[PDB]
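**Student:** As a plain string of letters, each chain reads:
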Amino acid sequence: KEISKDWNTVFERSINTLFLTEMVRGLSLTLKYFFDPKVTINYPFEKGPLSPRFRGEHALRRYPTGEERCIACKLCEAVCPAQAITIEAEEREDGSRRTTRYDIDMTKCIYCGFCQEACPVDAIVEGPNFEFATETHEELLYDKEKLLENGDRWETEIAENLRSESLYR
Amino acid sequence: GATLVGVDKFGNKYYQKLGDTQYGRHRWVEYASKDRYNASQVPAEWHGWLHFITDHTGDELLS
Amino acid sequence: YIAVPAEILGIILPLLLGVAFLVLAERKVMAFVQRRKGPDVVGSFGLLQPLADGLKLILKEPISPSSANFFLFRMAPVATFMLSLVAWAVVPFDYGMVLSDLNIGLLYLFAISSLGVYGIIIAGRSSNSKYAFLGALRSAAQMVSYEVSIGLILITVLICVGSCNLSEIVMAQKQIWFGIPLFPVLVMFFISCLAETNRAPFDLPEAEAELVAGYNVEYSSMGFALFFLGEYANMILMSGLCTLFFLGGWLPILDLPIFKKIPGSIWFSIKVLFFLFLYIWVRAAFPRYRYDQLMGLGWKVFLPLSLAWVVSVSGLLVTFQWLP
Amino acid sequence: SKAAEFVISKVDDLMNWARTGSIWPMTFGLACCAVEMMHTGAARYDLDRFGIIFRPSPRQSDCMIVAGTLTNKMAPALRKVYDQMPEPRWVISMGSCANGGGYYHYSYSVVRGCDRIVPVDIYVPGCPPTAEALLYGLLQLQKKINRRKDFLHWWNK
Amino acid sequence: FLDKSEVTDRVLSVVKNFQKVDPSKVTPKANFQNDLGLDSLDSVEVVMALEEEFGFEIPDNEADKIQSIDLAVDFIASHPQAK
Amino acid sequence: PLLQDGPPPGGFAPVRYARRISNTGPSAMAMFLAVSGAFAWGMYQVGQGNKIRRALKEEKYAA
Amino acid sequence: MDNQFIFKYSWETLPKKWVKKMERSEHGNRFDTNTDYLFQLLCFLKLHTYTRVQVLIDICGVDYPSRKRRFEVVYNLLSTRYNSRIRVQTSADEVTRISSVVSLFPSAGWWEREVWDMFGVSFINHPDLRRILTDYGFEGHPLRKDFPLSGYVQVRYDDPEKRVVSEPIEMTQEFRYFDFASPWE
Amino acid sequence: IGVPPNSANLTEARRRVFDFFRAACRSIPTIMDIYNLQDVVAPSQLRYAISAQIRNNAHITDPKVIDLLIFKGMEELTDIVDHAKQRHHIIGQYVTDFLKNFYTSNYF
Amino acid sequence: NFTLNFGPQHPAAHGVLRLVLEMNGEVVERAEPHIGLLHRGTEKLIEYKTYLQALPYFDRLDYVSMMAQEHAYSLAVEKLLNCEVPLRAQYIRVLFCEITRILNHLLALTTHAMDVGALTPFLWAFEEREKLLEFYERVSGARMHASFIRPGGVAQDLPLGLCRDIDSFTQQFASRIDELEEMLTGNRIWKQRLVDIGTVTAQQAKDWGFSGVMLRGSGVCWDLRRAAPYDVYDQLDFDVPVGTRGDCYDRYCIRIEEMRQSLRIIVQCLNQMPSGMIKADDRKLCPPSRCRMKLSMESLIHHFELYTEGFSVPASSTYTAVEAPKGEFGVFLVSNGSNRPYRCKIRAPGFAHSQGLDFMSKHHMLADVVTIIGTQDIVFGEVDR
Ligand SMILES: CCCCCCCCCCCCCCCCCCCC(=O)O[C@H](COC(=O)CCCCCCCCCCCCCC)COP(=O)(O)OCCN
Ligand SMILES: CCCCCCCCCCCC(=O)SCCNC(=O)CCNC(=O)[C@H](O)C(C)(C)COP(=O)(O)O
Ligand code: SF4
Ligand code: SF4
Ligand code: SF4
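Residue numbers (the deposited numbering), protein chains in the order written: chain I, 54 to 222; chain q, 48 to 110; chain H, 2 to 325; chain B, 62 to 218; chain U, 44 to 126; chain Z, 19 to 81; chain C, 1 to 185; chain W, 10 to 104, 121 to 133; chain D, 10 to 394.
Hint data in this document are derived by calculation from the structure and do not stem from the laboratory. Cβ coordinates follow ideal geometry from the N, Cα and C atoms, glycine included. Among the hints, erroneous ones may be present.
[Stated by the list, open to error] Distance condition first, Cα-Cα at most 35 angstroms in a straight line; then the derived DSBU-like pairs of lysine-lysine: (1) C/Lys-68 with C/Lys-8; (2) D/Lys-88 with D/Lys-58; (3) B/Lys-63 with H/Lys-38; (4) I/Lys-197 with q/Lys-64; (5) H/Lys-38 with B/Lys-71; (6) B/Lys-71 with H/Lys-57.
[Claimed, not checked] Some but not every residue of chain C turned toward chain I, in silico, with C-beta under 10 angstroms: (7) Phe-5; (8) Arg-24; (9) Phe-178; (10) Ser-182; (11) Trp-184.
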């Protein structure tokens with residue numbers, strides 16, 4: 054028998070449930086945030102914060118001399134959980150072990166970074182780009198020339214990201 | 048405009064405002080063009096600065 | 002006698018554009034309450050957004066098979082829209098800023114509001130669906146139920162002024178608004194107008210009507226939009242009724258003979274937009290209210306209490322000989 | 062007919078502006094990409110700023126966002142809902158699972174891409190795509206809508 | 044009840060569409076699985092056709108009681124629902 | 019790298035988690051009195067205004 | 001109660017014919033019983049005072065395509081009162097029906113339905129036993145070791161008939177199986 | 010109701026076969042008028058189709074295999090009864122050579 | 010009686026929800042959910058991939074508590090491998106599990122409020138949720154599907170400035186919780202839309218396997234991190250809230266209290282976190298440092314042999330369970346002895362909760378079904394594996 058039978062407290066409760074005190078108290082809280090500064094950002098001009106460890110566009114780095122870092126070790130293809138990386142290799146007449154077909158299906162890719170952390174030569178990385186939005190499906194099948202173009206475009210920033218977090222791991 | 052931080056070879060200019068304790072309106076871009084600007088014109092050097100990845104301005108990142 | 006149609010168009014067209022900008026204000030204010038910006042990209046401050054919405058709605062294929070007698074479905078929007086407009090022909094904006102000067106003009110408003118129930122009923126029935134019609138019927142029952150509270154509160158107001166004429170009601174508020182003494186009555190009238198337009202926490206009837214069905218009926222492209230336009234026009238009308246009755250219709254709020262530059266036509270509009278802001282605030286400050294307890298509330302906390310307020314006002318006025 | 066060509070150009074520009082400034086996407090999120098697309102509509106990366114508001118029904122929605130894995134049991138429903146949409150009828154394939162297979166891509170009950178059920182116009186890749194990535198994809202869709210001389214094509218035909 | 048003529052006609056006419064029967068073999072007394080060489084599935088098929096031309100049904104316990112024309116058509120002629 | 023992330027010396031500042039209640043607004047019979055007195059005074063004012071309006075109408079009729 | 005205490009008491013208290021095989025370890029106490037004594041053993045473990053197993057965690061299933069009893073359904077149980085976890089498992093077959101436990105734990109209905117969906121092990125007197133996970137018209141039981149990973153049928157949209165249709169599978173790129181297993185292991 | 014336990018002998022298996030076939034027939038008109046098909050196919054030929062499908066597995070000897078086949082039969086029937094199978098799935102599902126194979130492919 | 014069906018496309022029903030229910034005109038008599046619309050087929054796919062390649066499947070199961078499932082999988086692998094974990098790794102794993110608990114509780118509460126009709130707390134909770142999604146985006150790459158927790162320790166060390174920012178967030182998170190609670194607990198509409206709805210008794214919850222908040226709502230003080238504390242939880246002090254009568258409102262109050270307890274635990278982990286290595290020195294399931302694989306032959310050999318073959322778990326079979334925010338999340342590994350799992354059944358807490366919808370929605374009204382859906386916090390990634 055839940056009881057609140059007291060002369061003074063019955064008046065106090067019967068007023069709160071009659072003049073909407075709870076409703077007014079929950080109503081005046083929104084008005085506090087009405088005049089407060091907003092938390093949104095205009096996306097095209099202002100970008101949201103990121104991290105040096107961000108996982109975005111795949112890129113194929115190359116040595117400062119100009120020779121590509123990829124040595125067709127095929128660790129990235131073997132570790133890739135989504136099985137998105139396909140590699141074909143042969144020995145050039147220079148005798149160097151290099152790739153001829155290194156294509157990533159970015160529609161199968163899950164952006165996990167397993168491929169990036171499996172390279173023994175830091176050949177492939179995940180750059181900070183996250184703005185693919187291609188209009189065609191087969192444009193999303195990167196084919197070792199898109200990889201190298203991304204590597205050339207983002208090299209000055211991929212190198213900074215790698216050297217900043219090289220102390221980790 | 049509290050501060051203007053550098054420019055770009057494409058013409059888009061980069062600004063910066065410093066808050067006190069809460070995030071918001073820290074750094075943004077004024078794109079040079081107007082034909083919908085493709086939302087992607089920041090180069091690699093200035094891409095890290097804009098997204099708070101690195102504290103380097105981007106002109107310093109070129110050197 | 003050929004001057005009337007100019008006045009009719011001058012009352013109609015600003016109402017439609019005000020409905021559009023009221024939708025924009027709804028979006029913008031709900032955005033600001035939730036620490037957002039809302040439509041900002043289009044236009045300057047989102048001011049061109051309703052125009053883009055209208056041109057987008059027009060430039061779409063109309064889904065109009067109507068799967069029925071082809072007549073009753075196209076007359077319901079017409080009926081609700083004409084009613085929600087004709088209710089505006091009696092509002093005394095400032096002094097001569099009134100289209101019609103009905104010597105009753107209040108029982109007329111009650112009748113027009115009560116007649117605005119058939120539109121949704123025949124919309125639900127004509128829309129051949131086993132749940133859309135039922136939801137429309139529950140909404141009609143809700144409006145019908147809160148009509149009696151609206152009427153009792155109107156009687157409470159009418160006792161003090163002594164005449165039905167709307168212009169005389171504002172004229173009688175030179176001393177005080179009628180909102181200071183009848184503040185509980187003002188709250189009751191606001192809640193009743195809020196619950197009678199399905200524009201409130203008192204909303205669930207139609208909310209579940211789309212959740213369980215998805216409006217898989219004959220949904221015309223913008224023929225359906227006349228219901229939405231009429232509902233928002235009713236919003237504006239019942240926002241203005243509160244500032245006609247309980248607030249000063251056009252009289253200055255708290256004013257010395259100093260701020261006399263401004264006219265009375267904007268003293269009305271500022272209160273109307275304040276009540277509209279309160280509408281949006283209440284919507285984006287409270288959770289929805291179930292229909293099980295909607296009917297019980299509307300029948301057991303408003304009819305007896307409004308009747309008691311009628312009785313108390315009448316008894317107090319009679320005792321001290323304070324009648325008009 | 063060069064005198065009218067200005068009129069057709071202005072009409073086309075107005076129509077494209079109307080269709081771009083007000084897009085009402087229909088949320089079809091059914092996996093973890095729906096959470097990211099929900100963050101996109103949240104306070105930070107406001108979609109409502111760009112005139113984008115989600116609709117609960119397909120009968121009044123401009124475009125459709127397919128966000129999440131599309132299994133075999135859901136593909137008929139996706140196609141049926143896509144059929145009940147007006148003429149413009151754009152489709153955005155958010156997330157890696159929606160725009161071709163995904164992390165699974167090898168399953169008895171996974172459709173290898175929503176483009177095998179509905180025609181997709183913009184592919185937004187990522188697992189899951191960032192809210193900025195979805196905003197960039199929607200901006201790309203807006204740019205695609207601008208390249209529509211629909212009145213001019215009707216005139217020339 | 045029902046006259047023997049109509050029920051006999053209806054039971055000896057529908058029996059001619061089983062892709063194996065012969066006109067010279069069908070008669071008011073020609074056992075299904077013995078005289079006709081009918082299959083058990085074919086037998087339940089025939090009693091099924093007896094209950095398919097009309098809305099009545101023969102219950103489970105009355106299915107394999109009599110797989111012959113004589114008492115089956117007697118049951119048909121003693122069915123109140125049939126006409 | 020001998021520079022692991024961790025709390026500063028002396029630990030972090032103490033925090034609250036116990037649902038502080040602001041308890042804002044008028045309490046008890048304050049609102050009831052403020053409403054009843056307003057109602058009585060407003061009714062008296064309404065009676066006075068009705069008397070004034072009656073005088074105005076009767077002088078209009080006397081004209 | 002202590003894990004070894006459950007071991008000793010249950011082994012002593014239980015009827016001897018019920019438990020064919022039983023195991024004690026840190027991983028978990030296991031009671032491998034026959035296919036027909038499963039219902040009785042579960043009923044005993046549910047109602048006994050010292051061993052009050054009130055909640056059934058899940059009904060698992062493991063396919064061993066190298067033994068006569070190919071499948072093996074595993075019943076994970078939990079005793080909330082005594083804070084213990086017991087595991088009962090039996091052996092099944094492609095055609096052998098195993099008694100259900102929906103009468104004891106009503107939550108087991110969906111797990112039994114999904115076990116039937118994945119492994120094709122029927123359950124006796126199970127109300128409304130039908131496929132729960134795979135789509136409508138599915139052929140084959142996916143979780144068997146026989147079922148190919150990519151399945152047998154595809155799904156696409158065909159324009160001549162305005163509906164979504166099914167075809168035998170045609171993979172654009174085959175699943176590349178990498179054999180990393182090495183000797184000296 | 011619940012799943013039947015098993016069949017010890019082949020007589021019970023034949024009884025269950027007959028019961029399943031009878032139930033499938035008593036369910037033949039509802040699937041005729043739920044998929045909106047009246048003149049395209051007469052109800053008669055579906056009976057022959059079901060009979061042929063049942064007679065297909067005539068060489069089965071194990072009662073357990075018969076029981077599980079019959080259970081799959083009820084599962085398919087119940088799936089068809091509900092408005093769950095895709096449109097006209099049932100009608101599509103229920104309806121020398123050496124040189125011919127050689128001219129097409131090596132795998133015949 | 011008619012039997013209409015659900016399937017709304019707006020995120021009210023969390024999407025991908027098909028509900029065929031029979032009503033008596035106004036009152037529902039039996040609701041039969043039709044799950045399977047999101048059966049990707051993870052259980053069959055796990056068997057085909059190494060113990061490391063299968064970790065990100067566990068991010069995609071319950072995608073509001075991503076690090077909670079990774080915790081269960083890592084604990085299962087460690088229990089099968091008998092691998093010790095350094096204290097720093099345990100502390101950071103506990104910290105991120107508590108962050109997942111906060112995220113999941115916030116999302117559940119505000120989707121439930123959106124279903125009821127309240128709109129404002131949703132946006133406030135997401136502007137809060139971003140401040141932890143960026144914490145996730147800092148330690149690892151992705152904001153949502155962070156493969157941070159590996160079987161050995163964690164993936165990689167915390168950044169230098171993470172602890173200060175986490176403490177700064179926890180300074181005001183309590184006030185933010187109070188602000189959100191101001192509009193719901195005291196509100197009278199919230200009580201009338203939740204009180205006496207979906208009552209479950211403790212015996213009946215035990216019968217239907219309602220481990221989680223749905224169990225503690227019924228008055229059972231059953232917490233998996235108190236009954237069977239796995240990582241460093243004995244050192245941390247926190248209280249387990251228990252409801253008095255469980256009906257859609259004591260569950261909400263319990264979720265509020267669990268958010269506050271998670272905040273307390275996060276503060277304790279921040280204050281008590283030690284320094285040391287993050288990955289075990291076994292080097293059979295942990296890769297060498299990038300500076301060591303390029304200098305030492307053995308380190309490069311180990312890197313090569315574990316990033317392709319992976320570690321081989323000895324042949325056994327275990328069941329592990331952790332207190333996921335939804336409830337008892339259990340992973341049952343059967344190890345063949347090779348480098349690939351033989352069978353990995355996943356005990357999703359949402360399965361039993363969605364099963365128990367039929368009796369919870371008995372003799373209720375239609376508007377008292379969306380509140381039942383919201384109050385149990387079901388996501389169909391885990392329900393349909
Ligand atoms: C400044 C200008 C502002 C202009 C606008 C006016 C202010 C509007 C503010 C509105 C803000 C709240 C809006 C919320 C809308 C939905 C709220 C409805 C909730 C509700 O109906 O509660 C009922 C009480 O309400 C009520 O009773 C309300 C009527 C108030 C009654 C009068 C209270 C004091 C009476 C003293 C009289 C003094 C004079 C005597 C001579 C009973 O709620 P319940 O369901 O819990 O009840 C259990 C019975 N089943
Ligand atoms: C729309 C339709 C819905 C349902 C569609 C279902 C379609 C497939 C139906 C199920 C298919 C099966 O195999 S399920 C039923 C499977 N059962 C058997 O095959 C029994 C083996 N045959 C025998 O026992 C005898 O030879 C017998 C032939 C019976 C009689 O011949 P006799 O008396 O001389 O002996
Ligand atoms: S792991 Fe790196 S170096 Fe080796 S094949 Fe892949 S991209 Fe080339
Ligand atoms: S990010 Fe993961 S899924 Fe994508 S290519 Fe690299 S390893 Fe493969
Ligand atoms: S793309 Fe990634 S996050 Fe999106 S639905 Fe597929 S697995 Fe989930």
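**Student:** Flag every earlier hint the structure violates by its number, smallest first.
**Tutor:** 3, 4, 7, 8, 10 and 11
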